[PDB]
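Participant: So the chains spell out like this:
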Amino acid sequence: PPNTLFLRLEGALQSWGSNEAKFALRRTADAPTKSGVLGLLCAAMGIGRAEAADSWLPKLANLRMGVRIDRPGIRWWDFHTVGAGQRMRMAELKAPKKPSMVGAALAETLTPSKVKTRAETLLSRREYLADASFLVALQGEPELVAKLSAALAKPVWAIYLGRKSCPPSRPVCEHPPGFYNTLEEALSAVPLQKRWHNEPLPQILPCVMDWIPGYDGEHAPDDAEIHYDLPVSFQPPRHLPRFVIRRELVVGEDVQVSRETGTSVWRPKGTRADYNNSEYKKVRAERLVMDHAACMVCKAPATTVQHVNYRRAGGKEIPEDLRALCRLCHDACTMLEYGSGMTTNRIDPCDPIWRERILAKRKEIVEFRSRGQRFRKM
Amino acid sequence: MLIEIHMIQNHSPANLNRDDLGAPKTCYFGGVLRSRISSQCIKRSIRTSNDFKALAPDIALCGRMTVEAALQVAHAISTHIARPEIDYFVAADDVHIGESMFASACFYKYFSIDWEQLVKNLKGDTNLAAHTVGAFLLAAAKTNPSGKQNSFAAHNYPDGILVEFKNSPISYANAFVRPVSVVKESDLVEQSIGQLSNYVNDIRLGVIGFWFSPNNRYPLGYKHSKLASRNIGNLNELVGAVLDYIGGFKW
Amino acid sequence: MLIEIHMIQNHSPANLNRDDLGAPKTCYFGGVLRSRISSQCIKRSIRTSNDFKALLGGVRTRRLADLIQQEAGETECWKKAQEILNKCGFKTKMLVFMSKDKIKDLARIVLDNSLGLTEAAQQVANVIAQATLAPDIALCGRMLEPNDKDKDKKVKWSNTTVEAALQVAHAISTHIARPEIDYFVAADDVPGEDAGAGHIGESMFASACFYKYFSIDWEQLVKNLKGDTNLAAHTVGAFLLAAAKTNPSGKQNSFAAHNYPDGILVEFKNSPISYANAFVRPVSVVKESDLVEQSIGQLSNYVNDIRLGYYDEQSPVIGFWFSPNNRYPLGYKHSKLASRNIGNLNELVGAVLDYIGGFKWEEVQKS
Amino acid sequence: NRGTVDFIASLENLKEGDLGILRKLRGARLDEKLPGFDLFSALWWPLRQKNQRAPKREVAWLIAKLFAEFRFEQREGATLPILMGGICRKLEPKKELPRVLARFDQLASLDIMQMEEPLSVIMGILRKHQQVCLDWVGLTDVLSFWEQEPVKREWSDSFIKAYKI
RNA sequence: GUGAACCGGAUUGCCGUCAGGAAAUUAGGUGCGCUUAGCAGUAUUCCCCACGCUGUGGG
Ligand SMILES: [Mg+2]
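Chains as they are written, first to last, in our numbering: chain A, 3 to 380; chain B, 2 to 252; chain C, 3 to 369; chain D, 82 to 246.
Note that these hints are calculated values from the structure, not bench results.
Facing chain C, from chain D, some residues (calculated, C-beta under 10 Å):
1. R110
2. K176
3. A183
4. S190
5. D192
6. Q195
Just so you know, even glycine gets a beta-carbon here, dropped at the ideal spot from N, CA and C.
Construct the entire structure; sequences and hints are all you get.
Facilitator: Shown next as structure tokens:
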């Protein structure tokens, strides 16, 4: 049975906040933090915000966290405005004299009219990461991983990517869970996917791993860091420092590169039906049989074929786009289409509105053409 | 059950959203720079507008101060390389040269609606939840930001909507990793909708969807594929189809 | 309700708007480059036209003291006018956009009084903020900002912002842009030493067919002009007559761009709908037709598709169409997109005014 | 690409009268004059029968017009954005270089139906600057896909690289 | 249900007046498309039906 699940994170923009934002300047981190994935998984299962602190957060906080960097983001900034044209809520309340009645006893006497409003404009700039990919591989109990995977198969609530406006563009439930001993082998097991054929590929793929305590004792290494993203409560938030190390993985020896597995550009269909293909000659012969080898305009025997429309070319040819006409009519309708730009639908000899033009063109052709130039091809 | 709305629209030369320096808002995608209209612009663009005002509504849908709003709006993104320009304007005296700037792009948008949270916030009401969903559909199909619209009268109307009822939220923004190059035998909108087509034709090979286009102008897919369940010719008919797929529901 | 005008015009090679370098203005719409004429140029040309000349009761300028001194015969009110201007908060002097007669008479009667500078400055600020009865102010709006860096802390400003009631987009070509460069040299009347080569200059120009778009809000036009109603309809008719019959005054002395359009579609909404996206695909000239007919045919196709698309029975729309002598039909094949094909501008003005209300053009020529 | 090479070879197989008849039809379409249509058909249509990727009627007609006018010798490695770029150095950087550069960059705003006179004057300045060699096959292959950005993207790039030398 | 949940950078603007690319150039010198061919005095006229051991009728 699998013991560790896999989550895939990708979007056009993402942000994962750090400890260095206690005001209107919101800065982001380089990688999705533990608290973000814990919150998303709580949303996917559908646990209440007041319930996460009661036997639900430490149960998953006992798991081991592992992140792999497929391609890192460009640090981007968006200017945000709050309360344009409106009046905001301010925090001051009048002093209630005696300090004995405070807190919840004071909140029972609160009224909607007791609050006061101020019209101003609150400006902020928020940082987002553009074009970033990550894999979250959480190692826990096989039953717990099964429950987590079943929950993320169909999330109860909607899910986002750190902020509510960052949408998923790849499935989070794309990777089936597996059984591996170490987080390194698990992060190396999930392959690396390409979008289109020619693009830069990172030769080194950084990974973020929790620092294993090893045996009893074993004080923290000098290259380990601290990170305040172990959530204990979510309303109001309570966060706890943790130990984080960094490892690297070179591509081409323990992670393979998958193929493109699709098409990027769209492009229009194929015009230019081939006139030497066997299906074309068979359909042309059958259409010459159907019309009894008579021209459609002037009723002289039929030698060539004109194409009414070019919806299908080469491989498929239903004999309803083809009509039988002779040489003069073919040349006349050919010269009627030199600068028309109608592409798909061509001239129909059955439709009477072209007949008077075609006959005048044929009169021109009989008036002007030199036979001896057509023969002796120079 | 989640109702997901896919949205392609073209827009005339204007400047709807700008930053502190005034520049058209811009994100990074696909190795190049992308024109950008904020999701927090479409919110307070659709919101507090007159057309949308048609248990209390507009609180369960979009929140205000544990409201748990059931509508999520994403950042609009261009389907080609951003091409900004700067205009030079002078002032008269009728008895100095400045600079203004603008950008033109075709944007893909994405709308998602949680039905269960909307029903839960309606205190068990169901006709009101579908009523608010329909109301948001008609608002979102006919709403623009009120930017520099007096000087750049940008009042364009959309060119295609596909609606989805998938199990988990997933966008189609990865279809526009490759920027769209305009060829002679097509335009920008046709190639954008074709790039949308050759990303829904996949995935299933590697759910359902209702599609609408105005008088069936630019049909989804460049073959006879069944990549969309039904192709419809009215906005009201598409909304009625969404309500019909939700259940027995009349508009 | 709203009044909407669509407009298809073809122009001769000219330069009706240029940047600082000296080339025609250009844009990027639908992945290809197009010629452009700025909207503000069109609003300025309409505002300073001869079919709008009855309707200028206001000024946008910074030489207010020239206007105050001109409201005098001999009395020296130059230094005190500028002075009270500088204590007002217009310090380069700020551009002030208000009516003519109000500031003229009131500055003449207030500046010449022997009162305090602070009180007279307060009165000048009040009469500047209150002089919002002007037609260009209602059409084009107004924003003024007192510079508090150098402003006296005694007096206070009031509300002055004006919401406009006309939305015009930039003129955009229906096809690809084809820029051109012209080389000139000046000559000497009398022979003599003469030049070595002759310094060659460069004049950039192009020609295009333009789709212009107009939108008029009647309720805001009424609300800006107080309780007046006939003046709103008269302004609407005058603006239509001017915009149909006014060109930008660019390099018109050597590039005479005096062409007139070949098709006008007028419309009525409750919500603004722009039809610029008919030309996302560039128009390629083929051997049969011309640029104008294909432009209005593509416009007709988009109009037909939008009319058969986003359409609500509870608020149906109608509209009339105009062409010279009815030579260019919108419904070229079978569709009747407009119900009242009109072959003259005057009857179109009368129909629009009658649809607004019980107004005749000769009746409202008094406000 | 095959089919082009035989088209250029058949263009070089022409004689005085055929070059003159395509010369008199400069600045026109084909459907008006019948001898031009017949000569172009007899020179082009078997290749379109045999090969599917034979040049389009318009591009082949335009290239036939330009070859009949200028009659450059076919040689690989003498393409247009190289000779432009080898020529541009011999001019004054203040005056004549922007003048030639504007006429060269005007091509990115014109269509194949509208690209006869600028090409006429560009090969004119070649013939004025004493050149005899030109890669016609490369020009035909880039004109057949002239409506793609990478083609004109490698157009002026070959130019910049020849000019910087 | 995540340093997370609630969240428009908005209002103002004519690039308008000034210009000859101009003076001067023969594309002229030489060439046969030439030797050949009854729409008729025959000995099977591509197919089908009918009647006798060639005569009607249809392609
Ligand atoms: Mg025939």
